[PDB]
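Take a look at this one chain, the form deposited without the partner chain, written out in structure tokens.
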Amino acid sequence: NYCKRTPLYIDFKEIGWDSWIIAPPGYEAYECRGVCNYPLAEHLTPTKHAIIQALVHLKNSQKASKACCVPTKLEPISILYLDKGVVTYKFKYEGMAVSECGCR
């Protein structure tokens, strides 16, 4: 399938982060999976290098790999975390949730 944003729920307990993440128990971090086949669609904001690299991959796969589907804009979440045993509230935990995917 093509490069798009896929739902991905992270359970902090199952990655060992619940030791310091009091709340929430988890969150929808989403995930950018899918192939970046040429032509690279504009809604995936592909850079000129990604477009060029996708063109060389078509010429022969050995010289250049295909452009990859990766998150392009990340959104913060609000967490309750232990600060030396003290439950503190962090409003914006940056770089946690995916809002926009793309081909780079």
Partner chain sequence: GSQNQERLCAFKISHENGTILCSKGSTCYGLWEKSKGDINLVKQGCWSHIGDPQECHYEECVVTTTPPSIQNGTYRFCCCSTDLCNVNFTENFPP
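Provide the structure of the form solved in complex with the partner chain, given the form deposited without the partner chain shown above.
Chain only, nothing else included.
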């Protein structure tokens, strides 16, 4: 359907990264799924370029692609990980969770 944030849980054990990330076992990272339809709604915070490209794609599907539904605001999570055998704590590990989706 329309570009929105949708669930996506990450299990660090199952992706093979518990070798270096002690905590958490996992977290809700979310993802962005859906079509970017012209006109791009305001909550999709479209750039000027995404608006133009979306319009060209409407007129000619071969000259330009649709705007893509991607994360537009990433949020940090807490983490404990190993760095050469050193436990490292970061209350805010940037770029890990999606708070807002949009068209770009």
